Every structure is written in structure tokens, then in C-alpha cells.
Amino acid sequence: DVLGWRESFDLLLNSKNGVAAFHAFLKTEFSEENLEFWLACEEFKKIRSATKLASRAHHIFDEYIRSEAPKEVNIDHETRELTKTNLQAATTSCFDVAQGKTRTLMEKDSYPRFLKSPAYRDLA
């Protein structure tokens, strides 16, 4: 299980202990919103009902995407505008670009540092 976390970021994100450990690592450097947003996108795509999709999409946008949002993720204006536009036309891949940018924010920086920290090394 712990081996999978370094073989694939996707395996780490599907692990109960992995996610908990990584969330704590991120919280100490004020970037846990990246992980919370990613996970929120994953549950969003499982929604079938049009009404729930609309409601959840608006909450996700207001909580993580719009300027000055409580847990605003570090995305450029280009992506924020794109997401809003997608929100305007109700598309299921509404958050794809934002999720991918946020994923890279983790995968190419905090993820590798997490693996080289006691939080991961002690569990290996």
C-alpha cells in the first residue's frame, strides 16, 4: 500500500492513510485546499441528477474557484474564467482544467516533498 503511494500519485489519493498523511503535510504549509478540491471534483463526477450536479457545481465553484473564495486554489485567471464559462453551459467536465492544474500544483511539488518527509518515510 505504502509502496503504491510513490509509484503513483493516483494510488496515494485512493489510500485512506495516504490521504490523511498527505492532508496533514499540506495543512502545515497552507495548501491542503488543493487536495480538498481534487477530492471534491472526484465525488462531483459521480452525480447523475441534473439538479444535484447544478447545486454541487455551484458550491465547488464558490468554495474553491471564484476570486476570494474561502479555499481558493492557486489557478490563473484564464482557468478561473474557463471554469465559470463551463459553469454557464453546464458541462460535466466543468472542472477538468482546474483539477488538472491543481493536481500538478501537488504532483510536481508538495507530493515529492511529502515522500521525502518523516510523514511518509516513517511509514515506509
Second form
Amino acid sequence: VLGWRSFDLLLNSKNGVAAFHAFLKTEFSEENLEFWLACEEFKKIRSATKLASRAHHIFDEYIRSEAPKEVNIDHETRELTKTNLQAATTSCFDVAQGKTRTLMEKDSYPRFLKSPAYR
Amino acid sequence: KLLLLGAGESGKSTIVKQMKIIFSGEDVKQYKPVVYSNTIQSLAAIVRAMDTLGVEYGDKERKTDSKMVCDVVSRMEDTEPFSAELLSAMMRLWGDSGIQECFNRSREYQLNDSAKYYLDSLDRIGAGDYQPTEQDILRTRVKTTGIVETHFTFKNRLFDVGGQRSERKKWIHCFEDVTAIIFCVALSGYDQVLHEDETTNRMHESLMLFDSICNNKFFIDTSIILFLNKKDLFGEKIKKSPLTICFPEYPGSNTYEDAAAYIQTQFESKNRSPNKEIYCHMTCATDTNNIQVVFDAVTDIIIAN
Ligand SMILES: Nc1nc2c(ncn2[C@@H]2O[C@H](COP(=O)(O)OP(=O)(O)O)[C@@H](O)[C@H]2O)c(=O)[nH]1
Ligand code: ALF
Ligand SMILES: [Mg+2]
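Got the form deposited without the partner chain; any chance of the form deposited with the partner chain bound too?
Now the complete complex, all chains and molecules, led by this one.
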């Protein structure tokens, strides 16, 4: 309910997330969370093919150069994901998701708390 | 309406922290963590690059306290105050000749801008009573994502953005009616590569970036002010790092004035319509006066309209 102000509590709150998202949507970086919630679902797939399928879709939506909801990762993170895509495993987007978490956490999160959205 | 646009790590945000100093304890209490990270991290960077470059430790007995740091970065426990054994492991490490040798080659890898500054204050910030300096808050680094708007009136609207390539597609939004635009450019980047691809020359990306931003239609009747930021870092390196590493062509001599003249001409040439003017400024986001003085001048160019 209030504990939000740990960060991952915000994330494990079906209410928290939906909230945070509205903030970001204005601040223009909701893709970070979308990609994050995405990798979260991705993890639940067992079917090898369905995995390759989504692995490729996530890539084209978030990682792909100039992708629509392209996230902000570095060179080493991207190539690595790119290589992982070569064999869709559930651990595929882990690092990417990792770095993304931080970006939200240490940047847009605080500026999020101290604001109307969280009052 | 003002756009604080620029490439990655050019200081578009350090500049906003000077629009502030022109930080309640609640805030200063917040940067305590940040400054912890920036430090442990920067040290971490040089540890790793030690391997990637093949830089022998000045003292084997450092591999110990060394790895003790990477675990911290790993354990994520690097946002919390330096445990006694750490503040020392780092101080002792930051004091090895190898670290220094590999640190001096910091242009060959990605190492925090404020790396030196913080590590030269391991003790200063490792105090149980520690409170963040007016500067400590500035020398911090936190990749900005999306567009962050802040307001304020000086002599009678601010827009911060993300510099990396994947942020630029979002820029197009706040592009409507932009009074003026301050464009940051890390002078220090001339011999470095982007964060996004360890290939592209940072300096070069700025030029291709500015060229795009400069001759955009949306800004025909918009004031374009250029901040050739990080002029301090630029000065302490230009003497030992040829500007030709950026411009094979560069015929001048490697001196602050010379290279700055050239670097200034390159950006100004990326301007199309002769019916327009641009404003250079050797700024330094981490020095309030300089920002203060320059921002003043800027307010003029803008009000002078
Ligand atoms: N030494 C030094 N550091 C600077 C200067 N300007 C920005 N920095 C530092 O360089 C890093 C990047 O600046 P930052 O505002 O994060 O740029 P942004 O990439 O647009 O956010 C931070 O560590 C800043 O404090 C400068 O003139 N001198
Ligand atoms: F370009 Al930034 F934080 F604004 F890396
Ligand atoms: Mg920034």
C-alpha cells in the first residue's frame, strides 16, 4: 500500500505498477516498464517455439535498433541479448531487463515519488 | 520554452542542477547513495579494464581487496555507505600503480567522468557524518530517460532529455514552439566512443546530431545556443591526446586554443540557412559561476528577441 516509497514493491503491486506507468507515460519512458513486464511474462513460457517467437517479438519491440519501444541499454548489453536471441531460452532478456530495472529505479523512480502521482 | 538537448553524457542534466543553484537537505540526503555508487562503480570500472587491457597490478596483494569490490557492485550493496574494510580496500587500491597505469588509459574504455574527483575523496565522503557537497551533487551521474520538465523564472519552461540514440525518437514531441535550445557537447568526447556502440566517435555523433537538430524546420525562428561543455576535462587531456584521433584532417597543433578553435568551427559549419546565427560557449557544467555567467548571457540572446 505505502511501502512503495522498496522500489520492487512498486513493481510487485498490480496497483503500484499501473500507477508508476501513468507517471512514466507523461515523463516519456513507459517503455522501460513495458519491456520489464514483458520479460516477466516471457519468463513463464515453457514451449521452445513459443519462446523463440516471443523472444523475437520482444526484440523487435524493445531491443531492435530504432525499435518502437526501444529501451536504453549499452553496446555490450544489446549484442549479448542479440546473441541470446539465437536460441530463445527464458534467461534471454535477463541482463537487458536487469539494466532496465536500474534505469527506472535510480532515475525515473525518485522523480516519480516526489510528485502528484504518488500523493 | 527551452530545450536542453544533446548527445549522451554531455551534461544536459548537470546543467539543470545549476538552474537549481540559481537543494534542500531532503535532497542532499538523497545524493548520499548516488555518490556512493558513482565511486564504488568508477573504481570497479578500472578494476575490470585492468584485465581487458592487460595491466599488471602494482602489488599482487591487491587482487584481494580488488575482487572484494566487484562483489559489492555485484551484491548491489554499492548504494550503501562504505563498510570500513571497503573504504580501505578502495583507498588502498586507488593507490596502486597498476590502477593508475590503467586509469591513465581511461580513454580506451568507459569510465565515469567524475571518476577521478570522487576517488580523490574516498576518505572525504567515507565519513559517518558525511553530507553531500554543493559539487558532489553536480559531479554525479544518472542516465536520464524520457523528457523531464522543470520550471523557473530568472529575469522575468525547461526540458531535459535522454542523450542516447534510443531516446531521440521521443524528442520529436516537445519540439513544438521551442524558444531557444542549449546544445551540450562533451569536448572530452573527441577521442571516445558512444555508450550505445563501442564504435562511433562520440565527438562525431555530436556533430551528426547537432547537424540534424540545427537545421530542423521547427527551429527556424528559434535561438540555437551551443555549450561546448566539459572544457576542463578537455584541457587536461588535449596535451597528451591528439585531436587528430577525431579529425585525421586537423592540421593545427594540440593546444587548448587551437583544438577548441577547430572543434568550434566544425559545429558552426553544420549550419545551413545563412539567415541564422549560432552561439558558442566554452562551458563547464560543474562550475556554477561559469554556468551562471553563461546562462545570463544566454537569457539575453533570448530576451534580445
Ligand atoms: N569534470 C566534469 N564533469 C562534467 C562536466 N559536465 C557534466 N560532467 C559530468 O559528466 C557526467 C555526465 O553529465 P550528465 O549531466 O549526466 O550528462 P547527461 O548525459 O545529459 O545527463 C556526470 O558525471 C557529470 O557530473 C564538466 O564540465 N566537467
Ligand atoms: F545523455 Al544522459 F543522462 F542525459 F546520459
Ligand atoms: Mg541526463
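Definition used throughout: the rigid core is the maximal C-alpha set that superposes within 1.5 Å between two forms. Residue numbers count along the first chain shown, from 1.
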| item | value |
| --- | --- |
| Core-fitted Cα difference of 2 Å or more between the two forms, single residue among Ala69, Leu39, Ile47, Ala90 | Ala90 |
| Angstrom displacement of the CA atom of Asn14 between the two forms, core fixed | 2.1 |
